[PDB]
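A.B. asks: Can you make the complete structure from the sequences, with help from the hints?
Number of protein chains: 2
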Amino acid sequence: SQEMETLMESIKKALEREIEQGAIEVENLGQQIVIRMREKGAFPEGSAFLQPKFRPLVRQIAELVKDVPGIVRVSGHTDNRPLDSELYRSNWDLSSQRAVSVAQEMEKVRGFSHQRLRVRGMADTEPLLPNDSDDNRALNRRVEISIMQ
Amino acid sequence: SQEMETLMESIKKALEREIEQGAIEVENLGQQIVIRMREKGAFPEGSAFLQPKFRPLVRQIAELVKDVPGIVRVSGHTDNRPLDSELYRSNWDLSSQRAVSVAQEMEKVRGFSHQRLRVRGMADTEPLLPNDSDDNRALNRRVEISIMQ
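Protein sequences appear in the order of chains B and E. Counting in my numbering, the first sequence runs from 1 upward without gaps. Counting in my numbering, the second sequence runs from 150 upward without gaps.
Honestly, the hints are just simulated from the structure, not real lab data. Check each hint, because a few of them may be wrong.
[Unchecked claim] Facing chain E, a subset of chain B residues (Cβ under 8 Å, in silico):
1) 29
2) 92
3) 96
Ideal Cβ positions, reconstructed from N, Cα and C, are used throughout, including at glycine.
C.D. replies: As structure tokens, this is what we get:
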């Protein structure tokens with residue numbers, strides 16, 4: 001945890017601006033560091049296309065954690081509205097592909113180990129808030145990078 | 150526990166022939182039932198398309214567990230051969246999409262709850278066998294359904 005506890009501050013202070021804007025949130029959850037990445041600015045709505053101006057943030061996260069032992073679990077989330085897409089078969093598909101986009105970007109950082117990654121699509125199974133508002137749904141549509149000891 | 154032993158034996162029953170034909174493997178893993186389904190006869194090589202003959206087997210599994218508490222985690226796996234298709238960006242993509250196909254099929258069973266599903270792409274991170282022969286690599290390309298109380 002010492003090793004992790006330092007990493008968390010290293011992360012918080014390396015991304016202090018993104019955190020200010022509300023683009024990144026960093027939480028401790030047991031022996032686990034969770035980095036939530038707001039949808040807005042990272043992915044177009046209804047798309048797993050990781051936006052150019054966000055890719056360096058993702059690599060920056062990869063660089064920051066490349067030296068700690070532990071699984072890096074990348075999890076895509078959607079809100080509860082049915083997906084009307086020509087591109088994705090379901091919210092499973094969309095949420096999965098978002099995680100894939102992020103994992104793929106992370107493993108481009110030299111020294112970042114491919115073997116530690118795991119990609120998950122959670123669809124709407126883990127809301128942060130009830131999907132009772134537009135702001136709430138957007139919030140639930142985050143992607144999370146979890147650093148697990 | 151007790152309802153997890155009946156479940157396991159029950160599945161062994163209903164899937165007798167598939168098991169004998171090596172199409173499916175079922176075993177305990179701590180507090181959890183793992184069903185492994187080989188690539189051959191379930192997915193075309195290099196594709197996430199769930200093949201027709203296998204769709205009923207997937208729904209059968211979903212029938213079997215629909216009344217048991219707990220998460221159903223569907224996990225796709227590849228061998229360690231870097232893939233080159235234009236359909237999938239990486240083994241994360243292909244492994245994820247296969248889990249997606251199986252999850253979508255399962256949730257078509259009435260009374261099987263969408264909320265209990267989780268989808269994972271594991272790429273080559275969890276081999277069953279050393280990746281040192283065609284037969285071994287093939288066996289690593291399974292999809293697993295884990296029933297976790």
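A.B. asks: Each of the hints needs a verdict: does it hold here or not?
C.D. replies: Hints versus structure:
1. The restraint placing residue 29/B at the interface with chain E is violated, with a minimum CB-CB distance near 17 Å, outside the 8 Å limit.
2. Because the closest C-beta pair between residue 92/B and chain E is about 5 Å apart, less than 8 Å, the hint holds.
3. At its closest, the beta carbon of residue 96/B sits 4 Å from a beta carbon of chain E; the interface hint therefore holds under the 8 Å criterion.
Violated hint for the displayed structure: number 1, the only one.
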